[PDB]
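This document starts with one chain, in the form deposited without this ligand, laid out as structure tokens.
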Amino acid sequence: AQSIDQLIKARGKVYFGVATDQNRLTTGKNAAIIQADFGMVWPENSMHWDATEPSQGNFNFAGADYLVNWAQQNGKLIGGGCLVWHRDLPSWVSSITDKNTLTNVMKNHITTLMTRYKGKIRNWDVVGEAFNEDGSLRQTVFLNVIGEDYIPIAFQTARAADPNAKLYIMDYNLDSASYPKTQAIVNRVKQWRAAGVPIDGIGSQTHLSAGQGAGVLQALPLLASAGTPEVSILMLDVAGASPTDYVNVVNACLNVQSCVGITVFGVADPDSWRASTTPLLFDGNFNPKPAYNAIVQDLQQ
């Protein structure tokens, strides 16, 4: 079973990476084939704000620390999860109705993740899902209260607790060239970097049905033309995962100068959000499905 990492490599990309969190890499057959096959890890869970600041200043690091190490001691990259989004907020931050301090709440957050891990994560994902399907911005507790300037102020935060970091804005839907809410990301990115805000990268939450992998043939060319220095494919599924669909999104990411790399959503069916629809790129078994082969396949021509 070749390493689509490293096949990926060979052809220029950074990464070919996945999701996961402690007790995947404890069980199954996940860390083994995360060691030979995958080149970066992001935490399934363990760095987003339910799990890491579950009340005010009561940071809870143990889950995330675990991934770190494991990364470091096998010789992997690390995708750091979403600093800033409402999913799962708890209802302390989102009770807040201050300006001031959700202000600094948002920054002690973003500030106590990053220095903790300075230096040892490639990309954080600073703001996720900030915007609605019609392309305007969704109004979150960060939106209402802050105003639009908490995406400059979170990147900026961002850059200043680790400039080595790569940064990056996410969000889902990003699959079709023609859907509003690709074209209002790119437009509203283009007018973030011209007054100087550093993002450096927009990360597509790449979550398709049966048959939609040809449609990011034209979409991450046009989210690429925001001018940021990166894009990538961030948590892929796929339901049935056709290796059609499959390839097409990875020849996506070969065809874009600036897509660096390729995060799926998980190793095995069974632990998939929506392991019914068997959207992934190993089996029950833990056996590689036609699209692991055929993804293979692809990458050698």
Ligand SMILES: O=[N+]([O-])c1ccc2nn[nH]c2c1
The other form holds:
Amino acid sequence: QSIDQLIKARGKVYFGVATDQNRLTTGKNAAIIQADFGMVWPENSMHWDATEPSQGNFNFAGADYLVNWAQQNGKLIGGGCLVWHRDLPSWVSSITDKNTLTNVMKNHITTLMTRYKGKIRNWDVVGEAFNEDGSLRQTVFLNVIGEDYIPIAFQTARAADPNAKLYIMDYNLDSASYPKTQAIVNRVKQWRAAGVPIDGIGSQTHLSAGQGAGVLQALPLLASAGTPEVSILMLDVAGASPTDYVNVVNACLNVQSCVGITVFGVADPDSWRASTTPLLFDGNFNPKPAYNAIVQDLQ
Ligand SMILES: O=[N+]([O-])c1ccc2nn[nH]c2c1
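Go ahead and give the structure of the form deposited with this ligand bound, now that the form deposited without this ligand is out.
And the full complex, kicking off with our chain again.
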């Protein structure tokens, strides 16, 4: 049974998965995505290292493949993070002039978003912008541009594609008493009051065993920032306990503004932490107990 169809029947938008070209041509990933998932996200092909490895010169082959595949198969598409610090090409991190870096950041956002204008439901515009204590992470963008880089990024994105839902995303937002969770709420509320077009908060949910229960309190707290949408992104759970996965799904169901959930791959051996077997399909592409528990919970 399709968890995407079942979550749509409960009033949500999608159950999604991260993938890319070489996943779609190997294993059983294409067949499982066709049957069971409603949105695809690029595992790597839209990050800055993959798309603009030298200035103004864009690499679109991998991203184009994914977008085409999704359109041919009737799937929604999420757009990978436009502005973050992870694996940034060195040409970006060596810029020290505020005007130049602002122009570079705007060009990167506008070029990607324009290419797929109208085809992408939601873009992760800024990612991983917070330290664990809730202060802003001192990346090249913060150091050179200042804290206005976040408003500028969102305003530029809204102009490039008004159809898309624009998200800020971060990890370790899984507990309502952790400082980072309240800090992103505080800042998103302030940005929205200033008219910054942040449509969503995306929670990059990488859980250890037993941490699913806390999402039932953290996700409503994230929703108190007043964004139109929230989502659960990049989900994986060490051990893949049914209890943990069902708790995350029910957090989504309980929060009216939570539009959907995306899991961080199809089958355990293709996870970035495969030794924790944290996904919904095993190494033979069989649905694991957590998959069936989600099916029953949604019924
Ligand atoms: O939800 N996702 O699995 C996901 C995967 C890669 C991404 N890059 N940016 N946002 C992302 C979300």
